[PDB]
Amino acid sequence: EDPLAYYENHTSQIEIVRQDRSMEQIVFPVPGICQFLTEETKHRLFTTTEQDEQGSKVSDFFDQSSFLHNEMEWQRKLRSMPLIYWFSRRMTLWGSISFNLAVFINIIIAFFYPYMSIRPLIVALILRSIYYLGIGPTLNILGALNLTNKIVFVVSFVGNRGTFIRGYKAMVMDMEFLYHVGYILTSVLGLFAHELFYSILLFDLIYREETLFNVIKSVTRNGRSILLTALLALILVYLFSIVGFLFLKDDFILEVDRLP
Amino acid sequence: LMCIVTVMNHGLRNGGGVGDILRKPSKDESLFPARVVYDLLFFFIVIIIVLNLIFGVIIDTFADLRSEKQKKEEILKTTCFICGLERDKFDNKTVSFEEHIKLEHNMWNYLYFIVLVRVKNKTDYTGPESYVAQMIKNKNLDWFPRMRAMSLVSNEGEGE
Amino acid sequence: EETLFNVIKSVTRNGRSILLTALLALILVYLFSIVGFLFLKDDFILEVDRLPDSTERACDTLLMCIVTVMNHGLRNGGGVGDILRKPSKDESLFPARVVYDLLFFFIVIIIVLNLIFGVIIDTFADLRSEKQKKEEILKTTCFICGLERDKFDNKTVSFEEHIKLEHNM
Amino acid sequence: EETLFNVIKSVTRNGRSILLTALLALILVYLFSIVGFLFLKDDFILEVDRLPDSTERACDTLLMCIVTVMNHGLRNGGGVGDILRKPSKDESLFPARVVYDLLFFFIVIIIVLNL
Ligand SMILES: Nc1ncnc2c1ncn2[C@@H]1O[C@H](COP(=O)(O)OP(=O)(O)OP(=O)(O)O)[C@@H](O)[C@H]1O
Ligand SMILES: Nc1ncnc2c1ncn2[C@@H]1O[C@H](COP(=O)(O)OP(=O)(O)OP(=O)(O)O)[C@@H](O)[C@H]1O
Ligand SMILES: [Zn+2]
Ligand SMILES: [Zn+2]
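Protein chains in written order, with the authors' numbering: chain A, 2111 to 2226, 2260 to 2403; chain B, 2459 to 2618; chain C, 2352 to 2403, 2449 to 2565; chain D, 2352 to 2403, 2449 to 2511.
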């Protein structure tokens, strides 16, 4: 390529303040490893970082330097293996396929249970399979496909995120991994035990859409206040019940429909 | 126990409160005023002032979340990540805020320099590299610029 | 619990407004009762279950008509119109009944009772804003000299040291 | 009228959030319908006026149970509990019915529709 372009790409400049309170500009060559940083991690760090008591975000950025370095090390190692890199690159595709499959199986279950572009094409294929194979076999193939899709998604997730780099305790602690293993457990359990269990997978919608999660957060940040208010309502109901029972007991008459 | 269960279930769910389920009173009854007061008090306390406090909290949380989000995005898109300077200070100057956050104060360049210091051998350390390495070892974060930019102070050359 | 008390404070700081709004609702109910009693008195028919007839009239006197309207109109979602006898299309007073019911619903159930719940939300917002301002002042300025944290930036001594040794109240 | 358009804009700028909230309500209704159908299927009895019996069962199939729950539970102020048959005190499933009705009211009528 152009000789000046490569050297231009691998050069960076920064500004630092010395112990003498003077500012100095440092031009240095970018390390070869630094080229392997992921864009998703960059965006996550940029948005997630929060101001400290002094109002500067530098502290957290520095504290994350070691984790960032380890992540880039793992990214280079992953880039060494082509197959794993290809699997990791399609994390969004795997997740979208899994969610679409879950929606379709739930829809079919709701419509038929109990029984004896790309999206329209999948709809037509599902309809044809139902017409020929049947509702049962079609649900079976959809469940198996979802199972393999989710297992591949989990593998891609661990490879891309590299949460195992922190340690086994760290990966187990991560809530996302726990949610994903919950998903795989629910999928296998439904495929092998009962079809209705697929309904649980619909909760994945909350994870898929950010706006829905933000809406739910309104009734989650101050959940304690809501529970305490409910307890206050219960206490008032208890006092009202005492007052009624002591004085107005004959008026508490209800209608009941007795089954044969 | 059963009276409590009935009151809660059929009074919280019903719009009119517990009064609806109870038997309809008669005008020529001794307890009619008591029933009226009981029903009205229950409706005005447990259905209009208590259940409404469970929905007001949700609205308040919505407002708090919106305000927090707006403040966070404003800070993100107005100030600089590293030095914390504001966009207004850069107006009417040779260098704009866009250039400041792209080349002069690109935090990713700082991360690259930190990686270089960690990787580079101690024998090949330069002056600034050695100083930054010592500061990193000491854990001090003073070497990060804080509300100071060389471009802005460039106008101080005339004063000097 | 502090949070429960804070929640209750929403309906306590502006309690006077709530009581006055309730009085306004009572006045409107009183006027509606007068209008009904003067003109629509036969339609005020109620069902009663006598303990050991099943129908009675609850607008013979103004006091009872007011009581019935308030009790069975404020509690019911549809207003006073629900309790009254169902009118017939071939009736002279059908338009009057329609206007009466709709006006009562749109005045005393949608615009008055809603003003008793809007006050609570407004008080919640006021309390949140006041609390946020108080905590911000507490955690940003100095108790004694009242200086701000920003003035201490880019200096030898930080705000943390100022409020611990130099200006410890 | 400009003011009317401004008022309408309130339910248009964040329409996506409203639709997603409705979908969440639908999902919760679907789960509640599954729970009812699996366990409380006899209690799903509805009244019908036949044009020229007066009672019918509306939870024989999962699709119909979902339809009945959504239509007559979201519209009713008291939730799904109102439509279901009134339970008896001397019944084994009375606590289950109480918990079911209260949970539905406190989740899908007070916390979801309010969102
Ligand atoms: N200190 C900072 N303050 C504000 N925004 C910043 C700061 N550092 C980086 N950014 C922004 O974060 C993103 C990172 O910039 P970067 O140079 O990586 O962008 P890019 O266009 O993807 O890269 P490339 O240089 O390869 O074209 C850009 O939006 C940049 O404006
Ligand atoms: N003028 C002030 N402005 C702001 N905060 C203050 C001020 N004076 C005291 N404080 C804060 O009030 C608390 C009182 O400080 P104090 O020295 O008593 O803390 P301590 O750690 O419990 O004591 P000790 O010195 O025995 O460790 C601390 O949080 C201090 O930061
Ligand atoms: Zn800067
Ligand atoms: Zn001070």
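If you are wondering where the hints come from, they were derived from the structure by calculation, not from laboratory data. Note that the Cβ used here is the ideal one computed from N, Cα and C, for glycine as well. Errors might be hidden in some of the hints.
Said to hold, decoys possible - Per label pair, the in silico range of CB-to-CB distance: (1) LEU2379/C with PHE2490/D: 41 to 49 Å; (2) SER2368/D with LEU2355/C: 44 to 52 Å; (3) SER2368/D with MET2318/A: 38 to 46 Å; (4) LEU2355/C with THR2363/A: 34 to 42 Å; (5) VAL2386/D with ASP2317/A: 27 to 35 Å; (6) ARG2481/C with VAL2494/D: 49 to 57 Å; (7) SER2368/D with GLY2617/B: 50 to 58 Å; (8) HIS2563/C with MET2133/A: 49 to 57 Å.
Against the structure, the hints come out as follows:
1. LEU2379/C with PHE2490/D: 41 to 49 Å: Roughly 42 Å apart at Cβ, these two residues keep to the hinted range, so it holds.
2. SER2368/D with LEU2355/C: 44 to 52 Å: 30 Å, violated
3. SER2368/D with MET2318/A: 38 to 46 Å: 24 Å, violated
4. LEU2355/C with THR2363/A: 34 to 42 Å: 18 Å, violated
5. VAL2386/D with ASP2317/A: 27 to 35 Å: Cβ of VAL2386/D to Cβ of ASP2317/A: about 31 Å, so the range 27 to 35 Å holds.
6. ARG2481/C with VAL2494/D: 49 to 57 Å: 36 Å, violated
7. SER2368/D with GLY2617/B: 50 to 58 Å: Taking Cβ atoms as reference, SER2368/D and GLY2617/B lie about 54 Å apart, which means the hint holds.
8. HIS2563/C with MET2133/A: 49 to 57 Å: 31 Å, violated
Going through the hint list in order, the structure does not satisfy hints 2, 3, 4, 6, 8.
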